[PDB]
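Number of protein chains: 2
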Amino acid sequence: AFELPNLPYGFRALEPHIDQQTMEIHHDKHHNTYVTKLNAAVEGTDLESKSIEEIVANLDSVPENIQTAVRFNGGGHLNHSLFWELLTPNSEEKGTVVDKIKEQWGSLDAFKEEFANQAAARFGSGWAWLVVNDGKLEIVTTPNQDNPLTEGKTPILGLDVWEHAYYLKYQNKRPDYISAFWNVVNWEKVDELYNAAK
Amino acid sequence: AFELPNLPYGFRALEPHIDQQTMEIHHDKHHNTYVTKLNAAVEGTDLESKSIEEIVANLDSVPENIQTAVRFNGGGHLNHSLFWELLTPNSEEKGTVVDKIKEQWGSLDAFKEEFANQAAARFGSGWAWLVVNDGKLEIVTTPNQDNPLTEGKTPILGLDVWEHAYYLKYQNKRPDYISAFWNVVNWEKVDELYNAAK
Ligand SMILES: [Mn+2]
Ligand SMILES: [Mn+2]
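Protein sequence lines correspond, in order, to chains A and B.
Throughout the first sequence, residue numbering follows our numbering, covering 566 to 763 in sequence.
Throughout the second sequence, residue numbering follows our numbering, covering 566 to 763 in sequence.
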């Protein structure tokens, strides 16, 4: 069965960029619910033995009778599993992907500007992503717990823009949350996701 | 043409069921944004001089270049316009629709249970509605700022289940918010919307 992964740092470690109370609820409540409901959906079926990456990549072929529960809770589980590892108290803006960003956009600042614009323009619940699409870097957003993996695009950076991810600290000010995010991006994890990209 | 309606009560009037900070941001920031963006979408079109009820009811007829902008911001304006008028510090569980609820569900409690299940189960951003469909009462939910008007079903009660509507006070506990909602329902406005229902 699927398990709630521990955070790789304390609940306070991303302060003041993300508040401890949000990290605790977002992990212990929101992610845990996705794991509970994912397990209920796949329990005693062949899906129970697969990686969450494989299930979401192959979501469009999951049996119709559970496909929605797997979309929501499988997506939820994968997206938050990625997110916790893509955050760090020791962010360093360097490495393979930062170098590739600088060459494609001209500066990290120009990339951050486009990412912030795409992330702010996601209407309702969802995620902003940096993806590898056919060997090119592309910024896309997805609704609810959808993941670009499902459409053959490998996510290497994600930002949760569900209001639960930012409302306690930022309320309506999603752009201020996006600004604070840059301070805690784990570019080592971004590089790892980019290198593993098929 | 379109204007941010003033609340029928002070920001503090719905305490302790809905916190004053939420009432203030939700109206002054979230609703105001929908009005700004709506005005920008319809500036120099026939829509300028239509009611928002007519625009949303006939969404499928809006020019396609601006239809999504009108779905989002037109929806946002109508939904929040209804919501403010459907809340009150003087909630009385009686009248035309309460009687019709008791007759159809057997009890207000039975009706609340269906509304609570539908409202809690709506995944991502959206609204839970009591509507008139072919003269009968139905509970439905919509995503984002979609409104049942567009589907020819008349909304007479709505609950905002976007996380911005409840996160500051209730965080993940959407059911506790839904439960607190009953204390501030304006059943007089519910009756008025029902009586108008065409
Ligand atoms: Mn989340
Ligand atoms: Mn709202």
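Hints in this document: simulated from the structure, not taken from any laboratory.
Keep in mind that the hints are not guaranteed to be accurate.
Given that identical chains are not distinguished, each listed pair holds provided it fits within a single copy or across any two copies.
Okay, derived cross-link-like pairs now, EDC-like style, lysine to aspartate or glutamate, Cα gap no bigger than 20 angstroms in a straight line [unchecked claim]:
| # | residue 1 | residue 2 |
| --- | --- | --- |
| 1 | 763 | 657 |
| 2 | 718 | 584 |
| 3 | 659 | 678 |
| 4 | 738 | 593 |
| 5 | 677 | 619 |
| 6 | 659 | 703 |
| 7 | 594 | 619 |
| 8 | 763 | 674 |
| 9 | 594 | 629 |
| 10 | 701 | 674 |
| 11 | 734 | 593 |
| 12 | 659 | 757 |
| 13 | 594 | 679 |
| 14 | 718 | 608 |
| 15 | 667 | 699 |
| 16 | 701 | 753 |
| 17 | 594 | 741 |
| 18 | 594 | 668 |
| 19 | 667 | 608 |
Checklist entry - Checking residue 738 and residue 593: alpha-carbon separation at most 20 angstroms within a copy, between copies, both or neither? => result Result: close only across copies, 13 angstroms inter versus 24 angstroms intra.
Item to check | Status of residue 678 relative to residue 659 across identical chains (alpha carbons, at most 20 angstroms) | outcome: For residue 659 and residue 678, the Cα distance is within 20 angstroms only inside one copy (18 angstroms; across copies 53 angstroms).
Checklist entry - Which holds for residue 667 with residue 608 at a C-alpha limit of 20 angstroms: within a copy, between copies, both or neither? => result Close neither inside one copy (45 angstroms) nor across copies (39 angstroms); limit 20 angstroms.
Next on the checklist: Please sort residue 594 with residue 741 into within, between, both or neither, judging by C-alpha distance up to 20 angstroms.
Outcome noted: between (24 angstroms within a copy, 15 angstroms between copies)
Checklist entry - How would you classify residue 594 and residue 679 at a CA-CA limit of 20 angstroms: within, between, both, or neither? => result neither (31 angstroms within a copy, 24 angstroms between copies)
Checklist entry - Should residue 594 paired with residue 619 be assigned to within, between, both, or neither, using CA atoms and 20 angstroms as the limit? => result neither (24 angstroms within a copy, 41 angstroms between copies)
Checklist entry - Given a CA cutoff of 20 angstroms, do residue 718 and residue 608 count as a within-copy pair, a between-copy pair, both, or neither? => result Intra 28 angstroms, inter 38 angstroms, cutoff 20 angstroms: neither.
Next on the checklist: If the cut is 20 angstroms between Cα atoms, do residue 677 and residue 619 qualify within a copy, between copies, both or neither?
Outcome noted: Neither. Shortest intra-copy (30 angstroms) and inter-copy (40 angstroms) distances fail the 20 angstroms Cα cut-off.
Checklist entry - Quick one: residue 718 to residue 584, C-alpha cut-off 20 angstroms, is that within a copy, between copies, both, or neither? => result neither (31 angstroms within a copy, 42 angstroms between copies)
Next on the checklist: Cα distance capped at 20 angstroms. Does residue 659 pair with residue 703 within a copy, between copies, both, or neither?
Outcome noted: within (19 angstroms within a copy, 55 angstroms between copies)
Next on the checklist: As a check of your reading, is residue 701 near residue 753 (CA-CA no more than 20 angstroms) within one copy, between copies, both or neither?
Outcome noted: within (19 angstroms within a copy, 57 angstroms between copies)
Next on the checklist: When Cα atoms must be at most 20 angstroms apart, do residue 701 and residue 674 count as within-copy, between-copy, both, or neither?
Outcome noted: within (18 angstroms within a copy, 56 angstroms between copies)
Hint violations for this structure: numbers 1, 2, 5, 7, 8, 9, 13, 14, 18 and 19, all remaining hints satisfied.
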